[PDB]
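**Student:** Now for the letters of each chain:
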Amino acid sequence: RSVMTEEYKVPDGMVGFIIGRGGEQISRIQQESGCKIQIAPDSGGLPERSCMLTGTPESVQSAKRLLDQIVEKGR
Amino acid sequence: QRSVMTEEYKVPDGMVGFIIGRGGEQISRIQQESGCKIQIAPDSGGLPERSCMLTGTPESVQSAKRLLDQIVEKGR
Amino acid sequence: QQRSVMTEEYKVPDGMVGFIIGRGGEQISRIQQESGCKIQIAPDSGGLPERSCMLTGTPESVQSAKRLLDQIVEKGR
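Chains as they are written, first to last, in PDB author numbering: chain A, 97 to 171; chain B, 96 to 171; chain C, 95 to 171.
If you are wondering where the hints come from, they were derived from the structure by calculation, not from laboratory data. We put the beta carbon where it would ideally sit given N, CA and C, even for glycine. Any given hint could be a false lead.
[Stated by the list, open to error] In silico negatives: residues of chain A with every beta carbon more than 12 Å from chain B:
| hint | residue |
| --- | --- |
| 1 | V99 |
| 2 | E102 |
| 3 | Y104 |
| 4 | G109 |
| 5 | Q127 |
| 6 | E144 |
| 7 | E154 |
| 8 | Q157 |
| 9 | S158 |
| 10 | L162 |
| 11 | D164 |
| 12 | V167 |
[What the hints assert, rightly or not] Facing chain B, a subset of chain C residues (Cβ under 8 Å, in silico):
| hint | residue |
| --- | --- |
| 13 | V99 |
| 14 | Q127 |
| 15 | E128 |
| 16 | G130 |
| 17 | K132 |
| 18 | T150 |
With the rest of the complex left out, here is chain A:
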């Protein structure tokens, strides 16, 4: 139940959508999950972009589900 940090991956082509205009989408996901979500700035041509998630295990799992939900809306 202590806070922990996990690596996670999102599609490079969805990063802009995940963050959203004015960062409003990533602010929503962090609030809804109780997780800090930090996204790397560059994939260097690879298909995924690394993220660091920090929260309780329950919050981290929630953040993964919410990120997946955004990706599943596509572009």
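Given the coordinates of chain A, work out where chains B and C should sit on it, guided by the hints.
**Tutor:** Here is chains B and C on its own, set in the frame of chain A:
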């Protein structure tokens, strides 16, 4: 020159939004690719160009200019 | 050491995080600029001795960042 340096640079005012990209994802990426910090002023005050401050080694600063040009050359 | 930018997990001592970041974030801003590496630090270690970081850059930049971070840690408090 080897050391990091800072200079002024200009981009078209009408390209600023495109350069930054949704969620700032494009400007974050081109800074990482070039090694150059790219700070863009918030307002042109009616002028056609927007001022930017570029900080990096000369090689990084040149790279950033090339990447910015390539974005501008895609237009809208 | 391939050419492309890559992302690595890395760790710094929890008790050094403030010193690494520096007053007004000036130190971490500078070492990122010097190394060419984005250095993202998690906000909380949850009682563990190390704090997770994500380093993004070319292999050469990532190694430079590790050296600069080690140099700061080796100055201690």
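**Student:** Are the hints correct? Go through all of them and say.
**Tutor:** Verification of the supplied hints:
1. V99: holds (25 Å)
2. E102: holds (22 Å)
3. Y104: Answer for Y104(A): holds, closest chain B Cβ roughly 17 Å.
4. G109: The claim breaks: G109(A) does not keep its Cβ more than 12 Å from every Cβ of chain B (closest is about 10 Å).
5. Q127: holds (16 Å)
6. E144: It holds; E144(A) is separated from chain B by about 14 Å at its closest Cβ, greater than 12 Å.
7. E154: holds (26 Å)
8. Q157: At roughly 24 Å from the nearest Cβ of chain B, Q157(A) sits farther out than 12 Å, so the non-interface label holds.
9. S158: holds (21 Å)
10. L162: holds (16 Å)
11. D164: holds (18 Å)
12. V167: holds (14 Å)
13. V99: holds (6 Å)
14. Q127: holds (6 Å)
15. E128: Holds, because the Cβ-Cβ distance from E128(C) to chain B comes to roughly 7 Å (cut-off 8 Å).
16. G130: At about 4 Å, which falls below the 8 Å cut-off, the nearest Cβ of chain B leaves the hint on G130(C) intact, so it holds.
17. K132: Hint on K132(C): holds, closest Cβ of chain B at ~6 Å, below 8 Å.
18. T150: Hint on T150(C): holds, closest Cβ of chain B at ~6 Å, below 8 Å.
Checked against the numbered hints above, the structure breaks only hint 4 and satisfies the rest.
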